[PDB]
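Okay, here we've got a single chain as structure tokens, the form solved without nicotinamide-adenine-dinucleotide, with questions on binding and movement later.
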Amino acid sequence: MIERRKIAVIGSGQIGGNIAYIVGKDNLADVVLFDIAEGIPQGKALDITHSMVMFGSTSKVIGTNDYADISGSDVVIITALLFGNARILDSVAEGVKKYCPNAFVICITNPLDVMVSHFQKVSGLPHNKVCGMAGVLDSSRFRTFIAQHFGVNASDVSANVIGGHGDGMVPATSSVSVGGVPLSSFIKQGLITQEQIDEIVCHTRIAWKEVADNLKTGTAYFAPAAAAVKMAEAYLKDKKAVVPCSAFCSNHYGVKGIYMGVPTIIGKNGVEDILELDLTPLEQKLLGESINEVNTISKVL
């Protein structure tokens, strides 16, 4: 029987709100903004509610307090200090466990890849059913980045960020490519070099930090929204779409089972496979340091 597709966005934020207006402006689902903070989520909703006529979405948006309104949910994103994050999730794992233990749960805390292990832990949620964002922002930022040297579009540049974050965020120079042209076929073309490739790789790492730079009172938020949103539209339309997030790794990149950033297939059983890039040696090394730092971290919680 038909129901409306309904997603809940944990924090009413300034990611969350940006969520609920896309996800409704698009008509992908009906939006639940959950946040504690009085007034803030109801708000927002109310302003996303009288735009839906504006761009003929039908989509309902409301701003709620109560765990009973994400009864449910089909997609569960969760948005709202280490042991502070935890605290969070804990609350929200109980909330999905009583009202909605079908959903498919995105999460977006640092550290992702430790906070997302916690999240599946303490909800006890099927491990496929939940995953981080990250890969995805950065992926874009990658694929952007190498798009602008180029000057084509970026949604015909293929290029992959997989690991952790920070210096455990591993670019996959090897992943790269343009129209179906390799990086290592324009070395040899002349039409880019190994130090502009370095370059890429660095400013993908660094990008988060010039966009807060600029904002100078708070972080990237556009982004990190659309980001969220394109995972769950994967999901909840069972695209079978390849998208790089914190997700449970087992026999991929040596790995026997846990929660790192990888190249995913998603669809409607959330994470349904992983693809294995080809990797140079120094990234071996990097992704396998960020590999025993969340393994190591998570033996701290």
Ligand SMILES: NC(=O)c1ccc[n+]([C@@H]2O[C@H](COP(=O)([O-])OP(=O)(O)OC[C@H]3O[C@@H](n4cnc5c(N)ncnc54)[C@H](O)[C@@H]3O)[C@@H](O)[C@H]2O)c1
Second form
4 protein chains.
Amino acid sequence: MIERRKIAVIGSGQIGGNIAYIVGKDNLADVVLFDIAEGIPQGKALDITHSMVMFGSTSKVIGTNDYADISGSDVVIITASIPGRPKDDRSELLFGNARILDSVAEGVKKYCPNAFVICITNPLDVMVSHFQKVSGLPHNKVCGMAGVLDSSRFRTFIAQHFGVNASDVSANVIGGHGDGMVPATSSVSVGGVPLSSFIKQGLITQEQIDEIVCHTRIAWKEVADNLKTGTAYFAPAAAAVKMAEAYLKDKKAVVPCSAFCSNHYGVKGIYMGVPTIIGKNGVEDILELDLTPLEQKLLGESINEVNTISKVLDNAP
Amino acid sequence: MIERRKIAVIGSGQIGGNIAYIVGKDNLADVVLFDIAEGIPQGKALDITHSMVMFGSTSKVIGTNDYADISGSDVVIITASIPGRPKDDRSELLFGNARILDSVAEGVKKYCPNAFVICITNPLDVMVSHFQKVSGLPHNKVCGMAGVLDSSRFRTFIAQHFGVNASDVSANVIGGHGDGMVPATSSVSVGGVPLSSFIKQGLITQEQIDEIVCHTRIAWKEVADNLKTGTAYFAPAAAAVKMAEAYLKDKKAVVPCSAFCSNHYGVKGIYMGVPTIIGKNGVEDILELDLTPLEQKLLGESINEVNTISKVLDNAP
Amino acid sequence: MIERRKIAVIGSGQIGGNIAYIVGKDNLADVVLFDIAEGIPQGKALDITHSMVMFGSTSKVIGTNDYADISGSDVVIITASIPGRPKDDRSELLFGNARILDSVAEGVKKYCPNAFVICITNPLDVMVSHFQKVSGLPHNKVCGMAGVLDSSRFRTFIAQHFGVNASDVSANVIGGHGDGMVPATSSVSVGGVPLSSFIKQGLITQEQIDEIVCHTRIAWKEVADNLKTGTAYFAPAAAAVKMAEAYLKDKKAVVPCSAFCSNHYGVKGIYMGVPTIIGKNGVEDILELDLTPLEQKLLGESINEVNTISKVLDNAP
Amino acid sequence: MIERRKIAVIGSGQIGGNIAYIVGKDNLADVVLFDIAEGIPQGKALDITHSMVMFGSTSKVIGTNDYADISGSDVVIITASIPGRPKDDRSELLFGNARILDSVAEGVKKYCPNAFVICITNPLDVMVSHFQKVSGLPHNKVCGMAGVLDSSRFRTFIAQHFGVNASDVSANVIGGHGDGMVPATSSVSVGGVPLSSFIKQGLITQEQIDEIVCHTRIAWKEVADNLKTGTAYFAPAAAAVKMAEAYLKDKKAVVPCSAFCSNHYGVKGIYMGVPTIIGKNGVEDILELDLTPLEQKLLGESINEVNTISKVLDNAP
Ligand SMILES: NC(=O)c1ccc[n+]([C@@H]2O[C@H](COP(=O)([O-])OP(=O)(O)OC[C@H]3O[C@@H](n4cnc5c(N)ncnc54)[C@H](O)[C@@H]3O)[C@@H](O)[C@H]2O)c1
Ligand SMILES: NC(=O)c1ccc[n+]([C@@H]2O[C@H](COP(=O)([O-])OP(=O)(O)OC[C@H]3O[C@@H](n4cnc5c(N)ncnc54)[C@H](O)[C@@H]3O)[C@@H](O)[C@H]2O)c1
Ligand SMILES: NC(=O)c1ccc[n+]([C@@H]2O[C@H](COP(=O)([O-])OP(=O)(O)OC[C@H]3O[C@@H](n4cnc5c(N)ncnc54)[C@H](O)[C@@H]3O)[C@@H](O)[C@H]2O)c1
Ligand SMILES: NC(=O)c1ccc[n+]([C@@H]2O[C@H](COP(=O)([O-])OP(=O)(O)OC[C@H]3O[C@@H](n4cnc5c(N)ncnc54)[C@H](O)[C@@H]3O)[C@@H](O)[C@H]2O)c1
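Complement to the form solved without nicotinamide-adenine-dinucleotide: the form solved in complex with nicotinamide-adenine-dinucleotide:
Following is the full complex, with the preceding chain placed first.
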């Protein structure tokens, strides 16, 4: 019997509200906006409900403070976080958000244990690992949104240099969602043309490539410093929706995200940004990029960052 | 010559940013986000720019505080306003927002005087009238967003009662965007069936229609009371986009909006909520609904409330 | 566990192929194109498959001659028919297509008895009734596409007169899909304005309305006489997809279609064109239009046509 | 002034009608369907017109046999051809179709000389060269659809092997649209990973790549053999629309098409399959792929086959 698709958004702040907005606009699923703050999800849900007829969507969007309402959710997107932007590093939110995810894990485990969980809450890679351990959900049904955002930024900056449609730039960011993230320049192409060729042709310099890599790594601060009252939320929301689409429509889409990687990239069981295939069984495979020796080292340094913050969490107050 | 469509969003707050998000997502046009507040429009533009590749759109979205950047704009959407939500009525911000729109009027007059202008700034009907006077733009190239939002709520509430797709409800709200808005119950139809028939069939009572009419007029408060930090912004943004679409696509679409009504509804030249036809020449026509004596009276009261508040603004002490 | 939606198209001729094309384009479902003609569905499926990447859809489209391949189909759309356009009346195909539907009913009953069946095969209303009797599927899970096509034509012609967007014209055609079909002028509106008002305003004449009614009734011949090699197929395909959308997305959409009507319009168990609500349980309700005495008589004459052709079939060779 | 976009489709057969269908569905532009055959374009235009309200599009679609009706066309797409499918090679219809394109050239030269012209008529590369010469239109405003169709098939077949979304495969086909097309295997990547890496990882063999390359070159026959009444038309139509989109939306999109290559791939001025950048000024650039010695040679052979057949047409007996 046909049932409507259902996405639960845990945390109805800046990102959560836009996710509901976009999901509703696309008629991808019904949405449940969950939050502990009185009135917030209810007001956003009512507002978004009014827009549905304008978009020609019959998606239902409700606000709640009750985990019972996320029962039967196909996808759970976790945006829940302590207030205030990070000053210097995403891991400043580590202790507070780990405790939030403990609570979220109990709600999910009880009401929708078969859901595909997409974590957004920072510090992303550590939070995803934490959520999986506490919730007990299968590794392939729990992942983190990060790579799509980082890679979209990487692709956009390359596209802005060459003056071409970013959809025609292929480019990946891998590793942890932090300073150590690795935009893999070696496997970048624009319409099938690699960066090495554009260098020979005189259309881009290595220094320009290095600036694009740097820009990608610290892009979050550029947005956050301009917004002042918080961090990026339009693109992170859009990225979460693309990931939800891949699962709900069984796309077998190649998606860079934080996934449990245990037989690739020289690691033996860790959550980190890698190119995955996402479909109706969640994370169905991981693909191995052709990394240079330098890039393999940078990835190693990224893995170290993830392990370091993970150990800090294991010795929390 | 093919040129990209260009939409200028004046005021990059809650509604302005959402308009930019959706316009870009749909690839309806390039977007210029204008604001006086430092950082805000640049930050949102950068964030939204990163999402464009996720949506498969090539729309360019930039942020600015320089009116020279809105030149050649096909459409201008004005959300600029002084801070703080309305208490009981929308017409408390009259003098401040009139002052803001003077600057916008001078900006548009200089850099894009052939633009279709859609005002959203409250108090809507007076602001629209004020902008046209100060700007000197043709009456048919200046209107206000209100009816689409109110009609959308009206359609939504009717649809919830009957348990049907709101897209299959036809319903209009006319008059001023305030407590004296007139949801024309006589114009209502659900897939060809009118409310009178549904009463006779016993599928809706007169008391329920009264509640729906009331809900529509006070719906803005229900949202604001729950958001607590401001007024509705997801649905108002979407409404403005639908109006922009009608213009840019030359749809000849029926759009309830605040337009210069010169020879309909017993008025000689006033900006108020009416069902217009919008195409490439702006407001191209106005339709005449079959209003009941009661609805004629309610609209008459609505017309007076506009002129009352309009004359107060003319008498600048 | 998330499974892809599946639509089976029985008959991969002119309409069938476009249905697959559009369903695939929209990524509404996977498609199985069934036909008895060797090579035809396979070639169309391969061709349409190549277009999927161009549309950004991951829909799978296959061609088959084996009813086993329609197992687990959520929706079955029946386009199967004997060759050649009708000369004067759709019922010329009655005897041949009744026998085809006997075969289709066995395939559906065995492999996907829980499917929502949308019949297109002419003579529509009699074929739908025939399919339901032979297949044994519930009345609410078997219907015929016709009203959406007839009403879209009716709406288009009205829209073409007034020079407005047809989406803003509300108008229904009811009764049998034949010469006796009833375009209900009484409940037509354009942006909430009834035709009676446009007559008073001098914008349309009753004779012009009568021509639009006639044009609607014989529209099929206008298309067919121009195509020469067959009858209309672009719009009928689009109409079938809208009906499939309503079921698969649980829209509660108001859809004029041939449905089993037993407590409305003065009939006690007959398939005929009526305004329905379609959702995940198929035909979930029928709505009652406000018909004039003249329109009630015309509907009576339509019912007689349907019964007459139905009796002819009951006394087949 | 906002004006509607306008696309003229010259030749309203299998491909032409599908282009009209999709353009209208997407509301990309108004459509003029031109043909010499009586009734055909009028019938399809009327049929497609009825579907517009179903799709929620206001695109106007008309049929004609008068070149004056294609005036002011932003894009012209040429499908006009003599009847009958190709036997073994596409270059059998040279003289007949060259004669047809003379008429189209004179029509476009008179009524819409600033139009972006996309030729589809076979033999593609020679027809494109012929049309530009006879029409006198700028080289950058005239191109041929081929590479998008071939690249789409190439991407699709690669994607089927790896079991991933074809949209996440980057792959180009260059050279002539014939047996000497060159699927550049060296340009292939699946989410950043190249075929060389997949070979090393043991996820694809060299023999399988050879089969995929072969499948791509002969794919047109597989479709034609199954359709039996003609050649592929769903995917070719969609390809032409994607090219029109790139122009009308000013996408700066990477489009493999038959373009005037003057200073790349070792040629001084010839129409052949190359990766172009298409925007509002037509073909705005050409990208240089890193071809292997073998691929350079295969492309060289392809270039000769164009000039061979091109010189045969220059020598009109
Ligand atoms: N992965 C990424 O790439 C990425 C990108 C941007 C932002 N982020 C992160 O996403 C998170 C959300 O960002 P935002 O701007 O939407 O934050 P926000 O402050 O706007 O929203 C957070 C919401 O979480 C709610 N919340 C707090 N405690 C909760 C609990 N116990 N249960 C449920 N809800 C609770 C709050 O009420 C608030 O509405 C942040 O941690 C941010 O750093 C991640
Ligand atoms: N018509 C309707 O139905 C409707 C519905 C909802 C809200 N509104 C109204 O729309 C307006 C905007 O709502 P919001 O929530 O986006 O407000 P907001 O406070 O979030 O945004 C207003 C923006 O205007 C900017 N601004 C201030 N002075 C300016 C100037 N001189 N030039 C340019 N920009 C300036 C501010 O920096 C701010 O970013 C309000 O007046 C609100 O009452 C109307
Ligand atoms: N309901 C409506 O409003 C409406 C509108 C237009 C057309 N139609 C009808 O739809 C039907 C299809 O029209 P079309 O133009 O697509 O016809 P078509 O001739 O192009 O296609 C019919 C297909 O049915 C196949 N077929 C024949 N016998 C079969 C069997 N036993 N099992 C499976 N398939 C079989 C044929 O091989 C052929 O491919 C016609 O009867 C036509 O009158 C209905
Ligand atoms: N580039 C590619 O990859 C590709 C792929 C498939 C097909 N094709 C080619 O595209 C062309 C069209 O294919 P189709 O299946 O649509 O063919 P079709 O026979 O279905 O349609 C051709 C149309 O051209 C019309 N026509 C004939 N003479 C004309 C004239 N002087 N002016 C205007 N119109 C005229 C005919 O009436 C007919 O409707 C063929 O040449 C085919 O080989 C190219």
